[PDB]
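Form deposited without the ligand, single chain, as structure tokens, below.
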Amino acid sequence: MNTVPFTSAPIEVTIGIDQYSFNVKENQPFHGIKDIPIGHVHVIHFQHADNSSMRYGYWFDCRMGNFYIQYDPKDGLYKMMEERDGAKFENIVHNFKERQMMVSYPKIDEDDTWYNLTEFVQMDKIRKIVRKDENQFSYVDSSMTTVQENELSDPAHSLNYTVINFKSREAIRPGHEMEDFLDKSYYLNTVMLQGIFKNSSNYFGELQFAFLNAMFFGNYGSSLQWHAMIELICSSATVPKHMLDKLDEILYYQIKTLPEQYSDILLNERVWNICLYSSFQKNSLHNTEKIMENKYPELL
């Protein structure tokens, strides 16, 4: 069980750790988060009490290094940093633990929610979507645009999600225009799965990462990417049975976790109505359709 110490909390802030969140007061003796489960990616995220504009945060995996948070009063944010001195870090953590100045990652033993949201998400894939190769952790915020949003503007600060475009030469084989447009199986199975992702695990990892950026940062481009990856599967007549069964589980936990009060901005009516009620896979997402119908019947 690993630890992300904080040097201090000089500004009042709501701190997120995965699906959990805590209010910290200006200059409160807060020195970080302990008992973080090993084996998963995590996200530590922030919303300043004085400017709720820019939710921002860091994707990290404690197996890859010793990470801490320190407020930078010049750039005006909480920054993640790596401590390369193992003994310095262990001594910082032991002191803060002994003084009980850390919040405990509040996982219920029964509760598989975070595993279920991050099942296919791997730090090495996050670091290819979020390019900052000198850090082992990845910064995301509310305002970062995607490579696709930028085509239609600072490339270094972009989310390099896989570009999905249903009306593109990549999506449509010459001479199979109607076939490929109405049945996206070619695009899903040959171009995306065999060609770019190599396997359904990488595809699901990107889908899950896009959802979590949408939910945790209100990142609009991430939400677009999450819906596009759902729609590409639901709009394919030919999908491996294991991919459909897994997609139903993935989406079920995403819908279960979504704040009820953000359904209006985070869920695309057209995509969801099409996926559950008109698409080839309209009858393949039993769990998702049941939770959507019981939780968000207005949207449908």
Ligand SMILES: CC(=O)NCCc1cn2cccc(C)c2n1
The other form holds:
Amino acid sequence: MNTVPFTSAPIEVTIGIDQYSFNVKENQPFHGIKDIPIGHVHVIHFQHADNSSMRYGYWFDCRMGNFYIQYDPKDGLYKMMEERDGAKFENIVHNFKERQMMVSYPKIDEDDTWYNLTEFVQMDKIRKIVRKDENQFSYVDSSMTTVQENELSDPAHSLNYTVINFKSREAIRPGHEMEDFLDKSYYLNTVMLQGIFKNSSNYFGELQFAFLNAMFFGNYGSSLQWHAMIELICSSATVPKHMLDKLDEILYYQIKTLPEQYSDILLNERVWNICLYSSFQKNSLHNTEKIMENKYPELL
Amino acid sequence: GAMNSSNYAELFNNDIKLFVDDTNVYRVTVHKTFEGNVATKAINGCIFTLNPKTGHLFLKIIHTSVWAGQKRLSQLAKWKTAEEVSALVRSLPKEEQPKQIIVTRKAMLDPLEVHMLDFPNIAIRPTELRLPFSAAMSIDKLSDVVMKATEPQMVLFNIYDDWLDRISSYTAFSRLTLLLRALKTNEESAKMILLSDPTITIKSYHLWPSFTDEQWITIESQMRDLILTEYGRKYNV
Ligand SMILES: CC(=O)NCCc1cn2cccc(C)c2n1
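Same protein, the form solved in complex with the ligand this time rather than the form deposited without the ligand?
Full assembly next; the chain just shown is listed first.
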């Protein structure tokens, strides 16, 4: 059980850890989060009480280092940092644990939600989408634009998602124009799976990471990425059977977890209706279609 | 962006552009089978690709053999249209290639955009105009070469005949669309109107009769009457 301790809480803020969140008052004696499950990536995120603009946060894996959160009054935000002195960090964590100034990661034992949302998400892949190689953790916020968004302006602060574009030479073989545009199996299986991602796990990992950034930060480019990666599978007539079954589970848990009140901005009507009702895979996502019809029958 | 009433004059500037109409690509007759079911028989069609500034028409004849053993022919027809348009552009010298291609039906946008990926600088545009190019098969010489074809064939015409010797391309295009609009609303009447006097012969190398300026003015007026009338006969006014 690992710990992300906090130096202090000088400004009022709503702090999230994965799908949980709590309110911290200005100068409240808050000193971090303990009992964080080992074996998954995690995200710790922030919304200041004064400026609900800019949600921001940090993707991390406690196996890769000892991390602490400290508020910077010059840059005006909570910053994640690495403590390279392990004795000093364990000692600071033990002090805080003894004074009971930490909240406990509040996981119900029956609950596999976070595992199901991050099954294929790897810290090493996150660090290639979010390039800042001198840190072992990755910063994301509501306003960061994606590489593909930049093409259509500071590249150091970009989300380097894999570019998917259905009307592109990468997607369309000369002489197979109609075939490749109406059935994207070539693009999915040869270009993306075999060529860029190498395997379906890496594809699903980027899909899941894009969704989580869309949900937790309202990052529009990430939502675009999530839908495009769904649509590419659903618009392919030939998909490995194990991928379709796994996709149905992935989407089920994403739709289950989405805040009911945010469905209007985060769910693209055209893509979901195409995917559930028109596409080749219209009959292959039974769990996702049942939860979508029972939870968001308006969108459909 | 879309082509409409408001940017109409762009059609006659010095930027090469083509209209593409696919209405007459996939043509069928519907009939009863001996069992009493219904079936279709394809007939020859054509792509109508027109430079509105010069009058140059690239009439690609679509032979029925191209549909043999194919499914979803109305969908295929749009992709075949885009394939042939792309091939036409690729066949032209660079300085003759269009800067824009305007499709008369929105369903052609994605097929043509995908076939033209090699030409990122050629803009593919829809239009808000309801142009009457479907009536091109009411022009006797065009209908004749389409129906006689025994294999795929491209035929080149100037749909303005020699009009640009005397009038501008704006005026020529307006005359063409009036004639075609009339033929589409009442083909019999429209065609009668061309032949009311029969001394005004069609030259062998032309599509329309050899009217004087003064006789065109009369013709054009009579086609506007026809269209109004049919609009009454149809809507009752
Ligand atoms: C000691 C010092 O310079 N403290 C000031 C900031 C600070 C360093 N930190 C290292 C590990 C854990 C925590 C909360 C932490 N806080």
